[PDB]
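Here is what each chain is made of, one letter per residue.
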Amino acid sequence: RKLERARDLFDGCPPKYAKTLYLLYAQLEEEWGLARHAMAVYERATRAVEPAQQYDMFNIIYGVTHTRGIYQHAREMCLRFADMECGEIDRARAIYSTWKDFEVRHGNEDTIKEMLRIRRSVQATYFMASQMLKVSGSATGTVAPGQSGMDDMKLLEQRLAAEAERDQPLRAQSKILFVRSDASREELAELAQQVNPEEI
Amino acid sequence: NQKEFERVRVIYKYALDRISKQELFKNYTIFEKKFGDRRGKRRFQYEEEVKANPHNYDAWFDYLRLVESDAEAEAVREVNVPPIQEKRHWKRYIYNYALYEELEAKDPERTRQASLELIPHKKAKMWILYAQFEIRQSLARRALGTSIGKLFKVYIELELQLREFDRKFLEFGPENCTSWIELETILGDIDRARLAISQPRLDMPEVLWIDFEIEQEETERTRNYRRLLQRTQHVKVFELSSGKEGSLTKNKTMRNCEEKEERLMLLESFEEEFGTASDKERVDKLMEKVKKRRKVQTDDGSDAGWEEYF
Numbered sequence: 004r005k006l007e008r009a010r011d012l013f014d015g016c017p018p019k020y021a022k023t024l025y026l027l028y029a030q031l032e033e034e035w036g037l038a039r040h041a042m043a044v045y046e047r048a049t050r051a052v053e054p055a056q057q058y059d060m061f062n063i064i065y066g067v068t069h070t071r072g073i074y075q076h077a078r079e080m081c082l083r084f085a086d087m088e089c090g091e092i093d094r095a096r097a098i099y100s101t102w103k104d105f106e107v108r109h110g111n112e113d114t115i116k117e118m119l120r121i122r123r124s125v126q127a128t129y130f131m132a133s134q135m136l137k138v139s140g141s142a143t144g145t146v147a148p149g150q151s152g153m154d155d156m157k158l159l160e161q162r163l164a165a166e167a168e169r170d171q172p173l174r175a176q177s178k179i180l181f182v183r184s185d186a187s188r189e190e191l192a193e194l195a196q197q198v199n200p201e202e203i
Numbered sequence: 010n011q012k013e014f015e016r017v018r019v020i021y022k023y024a025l026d027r028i029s030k031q032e033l034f035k036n037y038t039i040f041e042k043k044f045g046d047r048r049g050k051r052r053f054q055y056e057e058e059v060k061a062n063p064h065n066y067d068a069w070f071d072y073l074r075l076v077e078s079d080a081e082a083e084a085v086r087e088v089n090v091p092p093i094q095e096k097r098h099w100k101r102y103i104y105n106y107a108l109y110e111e112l113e114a115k116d117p118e119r120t121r122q123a124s125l126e127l128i129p130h131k132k133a134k135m136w137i138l139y140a141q142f143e144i145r146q147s148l149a150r151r152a153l154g155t156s157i158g159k160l161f162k163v164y165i166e167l168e169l170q171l172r173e174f175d176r177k178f179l180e181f182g183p184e185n186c187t188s189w190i191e192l193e194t195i196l197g198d199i200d201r202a203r204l205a206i207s208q209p210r211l212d213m214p215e216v217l218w219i220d221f222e223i224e225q226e227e228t229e230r231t232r233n234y235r236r237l238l239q240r241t242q243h244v245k246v247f248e249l250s251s252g253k254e255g256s257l258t259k260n261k262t263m264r265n266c267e268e269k270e271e272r273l274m275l276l277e278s279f280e281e282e283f284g285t286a287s288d289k290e291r292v293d294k295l296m297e298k299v300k301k302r303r304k305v306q307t308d309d310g311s312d313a314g315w316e317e318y319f
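Chains as they are written, first to last, in this note's numbering: chain Z, 4 to 203; chain X, 10 to 319.
Here are a few chain X residues that face chain Z, going by a calculated C-beta distance under 10 Å: (1) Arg47; (2) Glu58; (3) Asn62.
Straight line, CA to CA, 27 Å or less: simulated BS3-like cross-link-like pairs of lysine-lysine: (4) X/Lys50 to Z/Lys5; (5) X/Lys42 to Z/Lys19; (6) Z/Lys5 to X/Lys43; (7) Z/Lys19 to X/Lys43; (8) X/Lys22 to X/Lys60; (9) X/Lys50 to Z/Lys22; (10) Z/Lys19 to X/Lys12; (11) Z/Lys5 to X/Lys12; (12) Z/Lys22 to X/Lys42; (13) X/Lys289 to X/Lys269; (14) Z/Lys22 to X/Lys43; (15) Z/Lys5 to X/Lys42; (16) Z/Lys116 to X/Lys159; (17) Z/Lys22 to X/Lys12; (18) X/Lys115 to X/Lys162; (19) X/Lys269 to X/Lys304; (20) Z/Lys19 to X/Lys50.
Simulated DEER-style distance windows between Cβ atoms: (21) Z/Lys116 to X/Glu316: 50 to 56 Å; (22) X/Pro91 to Z/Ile64: 18 to 24 Å; (23) X/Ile165 to Z/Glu79: 40 to 46 Å; (24) Z/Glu91 to X/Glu277: 51 to 57 Å; (25) X/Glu83 to Z/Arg4: 33 to 39 Å; (26) Z/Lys116 to X/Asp116: 21 to 27 Å; (27) Z/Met156 to X/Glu57: 51 to 57 Å; (28) Z/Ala48 to X/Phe70: 39 to 45 Å; (29) Z/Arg47 to X/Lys132: 57 to 63 Å; (30) Z/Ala48 to X/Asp116: 46 to 52 Å; (31) X/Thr285 to Z/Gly90: 53 to 59 Å; (32) Z/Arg122 to X/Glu83: 23 to 29 Å; (33) X/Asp116 to Z/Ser151: 38 to 44 Å.
For the record, the hints were derived by calculation from the structure and aren't laboratory data.
Quick reminder that beta carbons are idealized off the backbone N, C-alpha and C, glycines included.
Make a model of the complete structure from these sequences and hints.
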């Protein structure tokens, strides 16, 4: 053992050595080695250490803190996904802290129940318009309801013929009241046809 | 870097008695360094850095500080155990949602002495009646003797007395008496399952007064056709379809049935149940080929009579 540690005084080599102590089941001592590696190699190689170190030490608050220290890319997301289910929203805030990332959070929030997801999009708005259209429209369909309809107007006005079909649908949805706004919507989409045709 | 175990601890302890009074961020970082340097048994500052950061999380508002009280208490629990529970009790009380948050934490603390903790959490006429039936009679009775006191309460309290009395007609009657104060039919159907039980139930339903009468009619019919028709006449008048289904299960099924169908048609194009009940009455007749052919004759007879009726 000491004969081996003499090497530690002086990465593949690192993981190998930690695997030695793991074979001897020194456990905690082994985790220390991963402490000594990561102080060296910085956010690049250190990740290569750190992914196995996490998977292992979790397998054995402490690890939570360790990711906390760690955080200063996808690894953060796997890790956060782990922590929430072994506070959840807190994790979603962390992922929030790019389109694919936005898509994920929304999924996990839906897993915590529906209500957040409509909420998530508002965060989402700030190619992305295609995604806000992907979720905002769904929220409008699901639909506070007056704020949601006015939001449907705010989103339809937020920024394409299918989208014209969308605004036309929103106008048509009214029981003889979404006509004027509907014709205005088709007019705006026509204006988009004008700006599009104007393009060289 | 000079490979000092003890001198570094002297420096670190001699620094962290004055230097955090401002605050303790670099103190926590040097705690992480001391836990790291010890690695390259010795996870003492792991707890001290986490507990200091937990308390360091500012309490703003009431629910925010009470939410943090759930975090640091769980951190203290896993790792003055009574004074941390007392300071946790004042944080939750000093914050609508804390009644459901603390109760959990409070119970856990108490479990981890029992008489004093229960009186603090419980701190109205029906609640005292619920306590006297399942307090002295540890987990479940006392582990739902304070959680229960705070929609399915009359149903759960009736199941609690039935379990406590049996280990009985004294506890079941207390549930049956509290069922009357729709709800009484649930306690009636349960007490009978354990024939007075079959009857009491019937009597109750009768006295009271579409789903409620369907349960009492199906129970008196399954036990072993006279009172099934009597319950149908004083309930069915879904309800029209139920009276047809009652006549199918319970000699004069075709005549009376058809009469009723026609009457319903006249009392409101809407003759789809007369051709359907006649086709099922023909197919249900005992005879295959002869049984199926008879069902076609009975079904077509209703269709011909229905198609020639305005």
